[PDB]
Amino acid sequence: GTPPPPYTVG
Amino acid sequence: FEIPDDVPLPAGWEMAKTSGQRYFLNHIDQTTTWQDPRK
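First to last, the protein sequences are chains B and A.
Sequential numbering from 45 applies to the first sequence in the authors' numbering.
With the authors' numbering applied, the second sequence corresponds to residues 5 to 23, 25 to 44, in that order.
Quick caveat, the hints were computed from the structure, so don't treat them as lab data.
Check each hint, because a few of them may be wrong.
What the hints assert, rightly or not - Listed next, the stretches of chain A that the computed footprint assigns to chain B, with coverage defined by at least 3 CB atoms under 8 Å from CB atoms of chain B: (1) 13 to 23; (2) 29 to 43.
Stated by the list, open to error - Between beta-carbon pairs, the in silico distance windows are: (3) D10/A with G45/B: 18 to 28 Å; (4) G25/A with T52/B: 29 to 39 Å; (5) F5/A with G54/B: 28 to 38 Å; (6) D41/A with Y51/B: 15 to 25 Å; (7) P8/A with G54/B: 31 to 41 Å; (8) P47/B with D41/A: 17 to 27 Å; (9) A15/A with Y51/B: 15 to 25 Å; (10) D10/A with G54/B: 18 to 28 Å; (11) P47/B with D34/A: 32 to 42 Å; (12) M19/A with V53/B: 15 to 25 Å; (13) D10/A with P47/B: 17 to 27 Å; (14) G54/B with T22/A: 14 to 24 Å; (15) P47/B with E18/A: 28 to 38 Å; (16) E6/A with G54/B: 14 to 24 Å.
The C-beta atom is built at its ideal place from N, Cα and C for all residues, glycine as well.
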């Protein structure tokens, strides 16, 4: 699939 | 033109690569451009 980039909401 | 929209790379940004698509990494705010930072 297409996972989002790292660094998500804290 | 590549991401023209009269707006080049977003200021205060640092694109990178997740684990194609690519993105400008909106670390300044709290998300990531998945198509265009301003279009």
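So, going through the hints one by one against the coordinates:
Beta-carbon proximity to chain B at under 8 Å applies to 4 residues in the stretch 13 to 23 of chain A; the threshold of 3 is reached and the given coverage holds. With 5 residues bearing a CB less than 8 Å from a CB of chain B, the stretch 29 to 43 of chain A meets the requirement of three and the coverage assertion stands. For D10/A and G45/B, the hinted distance range of 18 to 28 Å is not satisfied, since their beta carbons lie about 33 Å from each other. One distance hint, 29 to 39 Å for the beta-carbon pair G25/A and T52/B, is violated here, with the actual separation near 20 Å.
The hinted window of 28 to 38 Å between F5/A and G54/B holds, with their beta carbons roughly 36 Å apart. Distance hint check: the CB atoms of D41/A and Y51/B are about 19 Å apart, consistent with the given range 15 to 25 Å. Take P8/A and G54/B: their Cβ atoms lie about 33 Å apart, and the range 31 to 41 Å holds. Our hint of 17 to 27 Å for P47/B and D41/A holds, since their Cβ atoms are close to 19 Å apart.
One distance hint, 15 to 25 Å for the beta-carbon pair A15/A and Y51/B, holds here, with the actual separation near 18 Å. Between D10/A and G54/B the beta carbons are some 33 Å apart, a value that contradicts the proposed interval 18 to 28 Å. Look at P47/B against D34/A: about 20 Å separates their beta carbons, and that is not inside 32 to 42 Å. At roughly 19 Å, the beta carbons of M19/A and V53/B sit within the given window of 15 to 25 Å.
The beta-carbon spacing between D10/A and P47/B, approximately 31 Å, falls outside the hinted interval of 17 to 27 Å. The hint said 14 to 24 Å for the Cβ distance between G54/B and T22/A, and at roughly 18 Å that hint holds. Between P47/B and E18/A the beta carbons are some 19 Å apart, a value that contradicts the proposed interval 28 to 38 Å. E6/A and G54/B have their C-beta atoms about 32 Å apart, which leaves the hinted 14 to 24 Å range violated.
The structure shown violates the earlier hints numbered 3, 4, 10, 11, 13, 15, 16.
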